[PDB]
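Here you get one chain, nothing else, as structure tokens; it is the form solved without its partner chain.
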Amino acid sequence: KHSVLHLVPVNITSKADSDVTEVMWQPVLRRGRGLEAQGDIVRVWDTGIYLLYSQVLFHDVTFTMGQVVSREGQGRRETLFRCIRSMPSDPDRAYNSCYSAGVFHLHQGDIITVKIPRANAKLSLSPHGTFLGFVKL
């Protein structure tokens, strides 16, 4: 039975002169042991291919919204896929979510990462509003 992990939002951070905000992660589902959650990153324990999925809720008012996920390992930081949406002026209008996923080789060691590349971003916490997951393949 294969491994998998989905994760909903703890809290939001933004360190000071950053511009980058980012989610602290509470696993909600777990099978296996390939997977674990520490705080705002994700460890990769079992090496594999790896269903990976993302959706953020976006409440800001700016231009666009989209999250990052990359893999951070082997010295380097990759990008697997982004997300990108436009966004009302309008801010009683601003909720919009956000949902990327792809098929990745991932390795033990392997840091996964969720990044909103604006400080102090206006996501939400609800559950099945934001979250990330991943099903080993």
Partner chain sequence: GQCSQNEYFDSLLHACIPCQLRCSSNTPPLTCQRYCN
Second form
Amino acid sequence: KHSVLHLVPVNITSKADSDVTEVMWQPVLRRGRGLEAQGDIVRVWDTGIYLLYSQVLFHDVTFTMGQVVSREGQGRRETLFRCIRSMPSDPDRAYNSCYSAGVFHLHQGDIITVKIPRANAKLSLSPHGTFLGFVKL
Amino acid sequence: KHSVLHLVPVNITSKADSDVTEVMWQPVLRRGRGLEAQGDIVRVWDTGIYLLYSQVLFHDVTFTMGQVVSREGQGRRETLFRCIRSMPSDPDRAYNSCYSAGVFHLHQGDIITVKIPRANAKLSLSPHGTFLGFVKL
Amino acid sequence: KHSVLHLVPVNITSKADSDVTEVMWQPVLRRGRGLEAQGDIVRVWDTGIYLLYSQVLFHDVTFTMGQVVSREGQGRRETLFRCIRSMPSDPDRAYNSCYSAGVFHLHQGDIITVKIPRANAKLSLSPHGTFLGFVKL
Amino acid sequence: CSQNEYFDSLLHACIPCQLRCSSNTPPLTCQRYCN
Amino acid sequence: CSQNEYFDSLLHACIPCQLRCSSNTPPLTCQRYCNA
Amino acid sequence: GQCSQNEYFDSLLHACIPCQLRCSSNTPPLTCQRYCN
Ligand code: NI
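Could you present the same protein in the form solved in complex with its partner chain, rather than the form solved without its partner chain shown above?
First the chain shown before, then all remaining chains and molecules of the complex.
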């Protein structure tokens, strides 16, 4: 029985100056104990190797959209993976989901971030369109 | 060892008055039981938490294409995840694979469906373009 | 206790009159044995069932881009999966990542290849843009 | 939905019938309009 | 990056500002260029 | 791997595709090189 966490949106956040949009996460599935969503980040409590996966559903004409998944810890930021998607320029046609995943060594005390590097990104709060998850391997 | 199922298409079917296309599945990899393909749906025999992944390869000019993966059981429907891809409008150019995945609690008796919510959708039968899989975690 | 291997690019290669581009891989996460990167392929030593995932990031106007992941062994190539993305024709806008994954029975002596079927393909060497991994299940 | 729009079950939202007049098979509420 | 470009943190590249002008909220560097 | 004249078999799409679609690309397929030129 592997530890898992599957997270869906409660809300969006984007501050004025930043050129960044993030998602506030809430669990719909968990087993085992090594992880905890706190607002728009996930805290890592147990060191180990984890499968991390991220999907965001966009409805946004910005020529490219996507997300950047990182871990911060011990005074050091590292990008784990990015998903990038070209978008149609017509608002009514501009839908795309962006899915990426990988397996990474996360350490106790790390913070995982999921950032859309545009301000006020138009993205779905649907639990089946946008989500974020972990499996401890 | 972990129980698994990897499925590929045998053919596609689209009902008349519905705006849906489904796939009939064949198993190419099986370890253990707990899951069983029955034509267009997958039956869950063993309750558990599963990694579920789904790819469909489209050759279709419809402005968006994609797939909806759902669970039906105990008198209820629930979408697990959606994949969405905008398509080019020129038929010679309009190719996109759409991949998504997540971890879900599946219960004995459940029926897993993969539905493309357009009629007579043009999707590949190739086992390496379109597929469906499960790993009990 | 699962064997894992996460790999990132060092460089690309493309033989003159072939219409294929490959990636020379370097391991950045490794646990257990059974898998060995060497150059643009991965050798399988321990027979078993593996999660295989692959992402490539493209900056290319070629009408479609993507990758074909295969195994070779006992004089027999088998395509495992492929990822396909339509690209914008405007070079300023032409960015897309292509992610796919599946679970497969890999045999001792197999060679795993990741091929982009265009010559001189413009793909990122960024470790969080283009990557390849394995988890023995 | 409004007139000359359909509920798209993929996108979970109302969409104009113009966007489905290229499709091999447009939805049924859309078919009279795409003439 | 050079004049009338921004460093796009998603693409890790320098991109012309005009790509972001007629689209929601452009990056802060670009905002002056996108008006006048 | 065999198509009508002025097409190539695309190993990514596993389909016959007009050579015309690859003339904007940097390095066309070997068999298309004569058509694009
Ligand atoms: Ni295990």
